[PDB]
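Peer 1: Now for the letters of each chain:
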Amino acid sequence: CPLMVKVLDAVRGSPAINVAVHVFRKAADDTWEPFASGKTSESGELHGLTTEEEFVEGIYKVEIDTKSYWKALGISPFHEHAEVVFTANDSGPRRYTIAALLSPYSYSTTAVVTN
Amino acid sequence: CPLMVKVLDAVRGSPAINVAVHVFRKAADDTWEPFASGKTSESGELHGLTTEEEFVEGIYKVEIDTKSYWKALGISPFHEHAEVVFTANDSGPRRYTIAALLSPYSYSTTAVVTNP
Amino acid sequence: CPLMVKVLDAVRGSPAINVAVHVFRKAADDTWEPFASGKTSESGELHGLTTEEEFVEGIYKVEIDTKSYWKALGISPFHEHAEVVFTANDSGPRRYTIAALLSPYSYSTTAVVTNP
Amino acid sequence: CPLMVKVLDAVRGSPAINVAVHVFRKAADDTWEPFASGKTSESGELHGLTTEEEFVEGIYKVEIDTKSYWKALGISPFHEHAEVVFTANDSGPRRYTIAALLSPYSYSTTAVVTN
Ligand SMILES: [Cl-]
Ligand SMILES: [Cl-]
Ligand SMILES: [Cl-]
Ligand SMILES: [Cl-]
Ligand SMILES: [Cl-]
Ligand SMILES: [Cl-]
Ligand SMILES: [Cl-]
Ligand SMILES: [Cl-]
Ligand SMILES: [Cl-]
Ligand SMILES: [Cl-]
Ligand SMILES: [Cl-]
Ligand SMILES: [Cl-]
Numbered sequence: 010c011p012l013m014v015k016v017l018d019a020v021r022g023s024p025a026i027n028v029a030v031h032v033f034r035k036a037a038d039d040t041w042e043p044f045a046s047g048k049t050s051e052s053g054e055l056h057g058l059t060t061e062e063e064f065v066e067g068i069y070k071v072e073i074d075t076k077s078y079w080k081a082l083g084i085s086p087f088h089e090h091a092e093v094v095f096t097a098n099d100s101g102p103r104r105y106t107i108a109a110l111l112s113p114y115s116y117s118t119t120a121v122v123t124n
Numbered sequence: 010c011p012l013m014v015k016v017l018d019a020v021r022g023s024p025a026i027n028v029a030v031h032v033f034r035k036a037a038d039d040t041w042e043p044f045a046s047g048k049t050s051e052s053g054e055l056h057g058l059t060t061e062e063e064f065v066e067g068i069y070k071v072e073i074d075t076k077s078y079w080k081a082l083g084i085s086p087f088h089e090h091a092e093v094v095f096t097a098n099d100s101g102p103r104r105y106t107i108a109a110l111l112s113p114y115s116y117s118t119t120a121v122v123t124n125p
Numbered sequence: 010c011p012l013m014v015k016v017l018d019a020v021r022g023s024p025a026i027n028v029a030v031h032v033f034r035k036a037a038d039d040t041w042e043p044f045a046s047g048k049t050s051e052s053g054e055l056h057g058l059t060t061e062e063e064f065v066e067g068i069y070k071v072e073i074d075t076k077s078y079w080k081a082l083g084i085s086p087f088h089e090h091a092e093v094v095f096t097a098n099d100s101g102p103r104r105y106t107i108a109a110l111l112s113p114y115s116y117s118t119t120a121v122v123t124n125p
Numbered sequence: 010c011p012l013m014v015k016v017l018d019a020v021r022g023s024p025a026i027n028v029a030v031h032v033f034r035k036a037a038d039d040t041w042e043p044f045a046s047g048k049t050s051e052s053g054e055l056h057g058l059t060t061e062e063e064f065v066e067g068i069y070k071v072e073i074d075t076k077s078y079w080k081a082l083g084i085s086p087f088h089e090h091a092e093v094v095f096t097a098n099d100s101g102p103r104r105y106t107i108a109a110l111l112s113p114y115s116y117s118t119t120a121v122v123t124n
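Protein chains in written order, with the entry's author numbering: chain B, 10 to 124; chain A, 10 to 125; chain A', 10 to 125; chain B', 10 to 124. A prime marks a further copy of an entry chain.
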């Protein structure tokens, strides 16, 4: 598993569960093409998005549907979604974890890249 | 000034100067249309992007060119750019400050929204 | 003003108003001595804590009373307070801004240090 | 394991390895008494700090020695250490994870409290 996503809720101090995540890959014509998607588990994690063979170097966008998450909790959010855009590089280590910490009017995201 | 941006560098503990910022607005055909652009000043702030008149209700995307910033400093970062997407002025005109805190493999962004 | 504090509320997207702040300085006997205190204003800022003369080199602890803030709003948070501990003025006098971003189960703090 | 610590490095995009962590419990006389300590693993984690029996309700301080961490990497840091102070409450869920994200002049910490 070369690409993982982990999402936390800073208001409840818990994993952000059942959050929709969509991954896109940048195509030759500068358009974003759907690549993989899923919903975070009870542990706020999403595994099995893609495979080593499929995850080639290139520019990727990870869209985290935070607006719907906050709505389902009856909390008014600011962002439409959280966006993480990065280049996958074979030179760098091989396992990518995109971590995100959510607040209604703030979020942080971190990339944990390891071997 | 209804739309301001402020950027800090978490590695140096200073404002992030000369950071390029591009703002887009979602058009009727659902594509992103260029709305405004600029660069942060010595204080890490970017003012004068737009005016109350031009800043109508809509979905806006604020793109902060973090890669170019880190590269202009001999650092190779993870993200291409920080992307902040939000609906603006749906409850009437508001003043928005988009704050960002940058690290090479991480960033946070916060919105401060007030009513004049 | 060599030591300022700014606090934002990440739940409301606004400044965190009337947040109590206590500053301590490490004394010769290695105990924390009260140095200065105040509360953030409507802009979430706390100025006038100290003066250039009184703000000597040392190890300072800035305590931000986040629990009292969240409780004063009918919210039950995780942390007692945010604690920011740092050496100040070891390379000559500097101006420090301690920024904090608050959520009920999370906070971030950033130092912006400049030279006048 | 009711109390865990996880630390990430925002400059390198990796777990923060070999970081010293000291936990204190607040005593009747308002003084902080050593409670548990250790060093983060290769995964930036520290488990086995305490046990269910030992971890009673009370006020705790988790000190993360970030200054030394940055020094060992040849990077000039701002803080002496990161401090996390909180009350352990039996009413709330039972497993506490104190997460911290480190930058030289910034840090965030999050509490993930689950069952
Ligand atoms: Cl959108
Ligand atoms: Cl993060
Ligand atoms: Cl991780
Ligand atoms: Cl791109
Ligand atoms: Cl931010
Ligand atoms: Cl602000
Ligand atoms: Cl305390
Ligand atoms: Cl902060
Ligand atoms: Cl600042
Ligand atoms: Cl100390
Ligand atoms: Cl955190
Ligand atoms: Cl976690």
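A portion of the hints provided could be inaccurate.
Said to hold, decoys possible - Which residues of chain B face chain A'? A partial, calculated answer using Cβ under 7 Å:
no.	residue
1	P24
2	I26
3	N27
4	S112
5	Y114
To be verified - Straight-line alpha carbon distances no greater than 27 Å define the calculated DSS-like cross-link-like pairs of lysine-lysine that follow:
no.	chain 1	residue 1	chain 2	residue 2
6	A	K80	B	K48
7	B	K70	A	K48
8	B	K80	A	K35
9	A	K35	B	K70
10	A'	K70	B	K76
11	B'	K70	B'	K80
12	B	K15	A	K48
13	A'	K35	A'	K48
14	B	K15	B'	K48
In short, the hints are calculated from the structure, not lab data. All C-beta atoms, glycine included, are put in the ideal place defined by N, C-alpha and C.
Peer 1: If a hint holds in the structure, say so; if it doesn't, say that too.
Peer 2: So, going through the hints one by one against the coordinates:
{"no.": "1", "hint": "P24", "in the structure": "violated, 12 Å"}
{"no.": "2", "hint": "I26", "in the structure": "violated, 15 Å"}
{"no.": "3", "hint": "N27", "in the structure": "violated, 19 Å"}
{"no.": "4", "hint": "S112", "in the structure": "holds, 4 Å"}
{"no.": "5", "hint": "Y114", "in the structure": "holds, 3 Å"}
{"no.": "6", "hint": "A:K80 to B:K48", "in the structure": "violated, 34 Å"}
{"no.": "7", "hint": "B:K70 to A:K48", "in the structure": "holds, 24 Å"}
{"no.": "8", "hint": "B:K80 to A:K35", "in the structure": "holds, 22 Å"}
{"no.": "9", "hint": "A:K35 to B:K70", "in the structure": "holds, 18 Å"}
{"no.": "10", "hint": "A':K70 to B:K76", "in the structure": "violated, 37 Å"}
{"no.": "11", "hint": "B':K70 to B':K80", "in the structure": "holds, 23 Å"}
{"no.": "12", "hint": "B:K15 to A:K48", "in the structure": "violated, 32 Å"}
{"no.": "13", "hint": "A':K35 to A':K48", "in the structure": "holds, 22 Å"}
{"no.": "14", "hint": "B:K15 to B':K48", "in the structure": "holds, 24 Å"}
Checked against the numbered hints listed earlier, the structure breaks hints 1, 2, 3, 6, 10, 12; every other hint is satisfied.
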